[PDB]
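Number of protein chains: 4
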Amino acid sequence: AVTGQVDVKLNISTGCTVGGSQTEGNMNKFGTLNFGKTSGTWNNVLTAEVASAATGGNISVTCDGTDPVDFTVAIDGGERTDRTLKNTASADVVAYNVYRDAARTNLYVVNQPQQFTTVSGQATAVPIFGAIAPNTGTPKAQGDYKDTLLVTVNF
Amino acid sequence: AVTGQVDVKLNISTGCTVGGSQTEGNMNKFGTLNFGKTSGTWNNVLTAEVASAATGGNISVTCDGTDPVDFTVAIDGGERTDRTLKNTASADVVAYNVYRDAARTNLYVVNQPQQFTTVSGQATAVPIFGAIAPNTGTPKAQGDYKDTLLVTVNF
Amino acid sequence: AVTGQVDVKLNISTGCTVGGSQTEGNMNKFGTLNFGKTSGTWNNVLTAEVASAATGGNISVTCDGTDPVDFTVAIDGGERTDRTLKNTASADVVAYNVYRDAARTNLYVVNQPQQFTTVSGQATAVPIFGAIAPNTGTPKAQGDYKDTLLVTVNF
Amino acid sequence: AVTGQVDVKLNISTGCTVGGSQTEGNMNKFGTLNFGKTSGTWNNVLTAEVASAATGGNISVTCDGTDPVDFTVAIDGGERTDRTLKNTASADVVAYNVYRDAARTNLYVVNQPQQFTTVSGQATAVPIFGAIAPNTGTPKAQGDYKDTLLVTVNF
Numbered sequence: 024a025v026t027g028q029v030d031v032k033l034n035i036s037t038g039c040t041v042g043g044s045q046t047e048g049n050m051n052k053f054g055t056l057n058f059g060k061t062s063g064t065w066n067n068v069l070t071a072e073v074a075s076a077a078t079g080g081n082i083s084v085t086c087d088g089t090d091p092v093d094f095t096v097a098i099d100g101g102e103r104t105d106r107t108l109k110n111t112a113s114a115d116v117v118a119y120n121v122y123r124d125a126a127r128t129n130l131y132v133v134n135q136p137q138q139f140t141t142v143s144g145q146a147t148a149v150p151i152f153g154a155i156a157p158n159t160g161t162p163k164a165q166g167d168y169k170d171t172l173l174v175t176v177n178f
Numbered sequence: 024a025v026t027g028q029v030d031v032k033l034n035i036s037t038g039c040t041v042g043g044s045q046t047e048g049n050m051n052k053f054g055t056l057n058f059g060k061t062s063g064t065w066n067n068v069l070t071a072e073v074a075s076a077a078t079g080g081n082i083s084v085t086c087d088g089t090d091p092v093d094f095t096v097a098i099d100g101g102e103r104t105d106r107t108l109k110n111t112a113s114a115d116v117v118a119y120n121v122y123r124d125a126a127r128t129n130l131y132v133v134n135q136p137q138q139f140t141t142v143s144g145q146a147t148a149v150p151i152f153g154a155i156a157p158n159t160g161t162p163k164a165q166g167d168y169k170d171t172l173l174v175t176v177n178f
Numbered sequence: 024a025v026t027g028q029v030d031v032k033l034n035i036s037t038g039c040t041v042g043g044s045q046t047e048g049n050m051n052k053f054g055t056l057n058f059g060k061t062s063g064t065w066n067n068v069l070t071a072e073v074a075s076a077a078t079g080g081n082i083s084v085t086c087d088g089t090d091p092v093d094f095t096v097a098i099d100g101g102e103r104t105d106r107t108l109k110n111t112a113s114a115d116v117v118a119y120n121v122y123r124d125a126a127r128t129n130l131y132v133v134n135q136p137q138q139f140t141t142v143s144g145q146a147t148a149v150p151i152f153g154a155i156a157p158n159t160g161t162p163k164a165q166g167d168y169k170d171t172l173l174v175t176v177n178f
Numbered sequence: 024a025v026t027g028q029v030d031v032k033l034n035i036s037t038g039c040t041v042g043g044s045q046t047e048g049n050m051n052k053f054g055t056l057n058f059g060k061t062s063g064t065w066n067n068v069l070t071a072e073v074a075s076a077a078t079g080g081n082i083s084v085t086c087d088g089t090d091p092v093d094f095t096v097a098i099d100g101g102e103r104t105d106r107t108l109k110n111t112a113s114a115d116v117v118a119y120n121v122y123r124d125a126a127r128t129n130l131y132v133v134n135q136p137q138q139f140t141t142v143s144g145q146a147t148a149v150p151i152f153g154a155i156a157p158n159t160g161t162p163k164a165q166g167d168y169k170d171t172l173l174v175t176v177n178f
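Chains as they are written, first to last, in the UniProt record's numbering: chain E, 24 to 178; chain X, 24 to 178; chain L, 24 to 178; chain B, 24 to 178.
If you are wondering where the hints come from, they were derived from the structure by calculation, not from laboratory data.
Treat each hint with caution, since some may be false.
[To be verified] Rough simulated footprint, nothing fancy, chain X against chain E, three-plus residues with beta-carbon under 8 Å:
(1) 41-49
(2) 58-69
(3) 123-136
(4) 147-158
[Stated by the list, open to error] To give a feel for the contact side, a few chain X residues facing chain E, derived at Cβ under 8 Å:
(5) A24
(6) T46
(7) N51
(8) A114
Beta carbons are placed, not taken as given, at the ideal position from N, Cα and C, and that holds for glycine.
Whole structure, please, built from the sequences with the hints as guidance.
Here it is as structure tokens:
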């Protein structure tokens, strides 16, 4: 019998809120990274942007304050922690990655706070740009591949 | 701490691929819209066609299927979202537009899926015809003007 | 082309001057009406006096003459013309008013010359007493609320 | 025509409020310092405490916050600026003073911020102890003597 304590805390004072999300039960549904349909072996880098579940556009984070606030954005490694989509039925995997800029260069490194700014009376967008490498080796099995990345807007 | 979910998806079954592109790092380099050299004030509409980065000709989209597939083409508004080329050093801008037909009539409207057909055993070309209005007012500063339009072949 | 005339005039002879002001560029900075810090919903009437920008005390108007001079004081309605402070970022407003006497009774009516006396070898103070009504309804958003009342010492 | 600017400000964020007051029109009525009845020449120091206009007891200042807040209290010199009560009809004056502690030692010096503490979930009382010197010289005229001290709770 090892009984222990867990201090719970919350500082209600002046915070920042994330728009574009829908409450799926008790977990915020931020959006979808829909690469679309594809064949077994694709030569072009499959690429799609996150579509917020609430509006359809990009996640719009706004801060409830007057002065500028510097908030951070961190995305985790997905269900299996290595950013791989898994086929619903078979065990095939599809490696992918999420970048922050339009040219697939600034990668949202696993469990890292990619910095962000937010200004007076405005909603800043959180671009989560997906990208998949060209698979020109083995044709992955037919079906639907999925993953649930947990995006962590933290301060 | 606002943690949220982003569902990632990919339907590997029977897709369409875009030829004529080169993988620039992790972003597909589709081509170049080279208007060429010009003077400060041009009276003629400057006009050039996209040159695929892989072959030099037009982007050739082919679909990996037997039955005809109807795929769409969407081009965005460029780096600044208003189709303006920017001088590398100064802040001068050069407004332009991309059309689909040879007579500069069917405009690729910003973020719009201009429809396209593709047939059995064939590669369909994606004509991205550039066009710039005659500037007979103020002479833009010397140098190189650039823009990076993101073409979005989606299904 | 409607060209018209604007007669400019100035009577240099024997005038009155306002002390306690600092020249902000080409506009006389008379002072500050600092109500201080407050919570979303205040039950007490928030009340503060003008603090001259030059000395810190009350605006001291003196007249350059020997015989008594009767000069007037007029304050306008603020930036939006209805005496409301505006949040720097959001569009929330905070209604207020400026009175002349210590008991918040003699109101400086919008664009009205509240009379004043000035005597031999003396500086008369211009009490601009601010007052804000008790807001016990809706909590205004966090941040800084501002307004710039133009005080018009005229003869 | 000397037109000038008066910057108005208010920081709505997390403030402190004063209880025990009643809004007399647009001016907070804090209380009454009632020395009571007296004869022309009194040998004993006349002494009474402030009675809040809202409850009848002492002014109870509470701060709308969790952590302790250090607020200040400043009282001015009365209507004539020398702490003298004036007869309603005649010009006789009665010098007095307001102290902070029960032994008439810690004087609320004119226009001075006598410091104060306020703690979690509590209302701190503001003791305004009045005191009048023994007049054993000239008998002041009959009638009612009054004064209106402006108490300034500031942060």
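Evaluation of the provided hints:
1. 41-49: As far as the stretch 41-49 of chain E goes, the hint holds, because 3 residues have Cβ atoms under 8 Å from chain X.
2. 58-69: holds (count 11)
3. 123-136: holds (count 4)
4. 147-158: Per the Cβ count (6), the hint holds.
5. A24: 5 Å, holds
6. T46: 6 Å, holds
7. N51: Hint holds; X/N51 Cβ to chain E Cβ min 5 Å, cut 8 Å.
8. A114: 21 Å, violated
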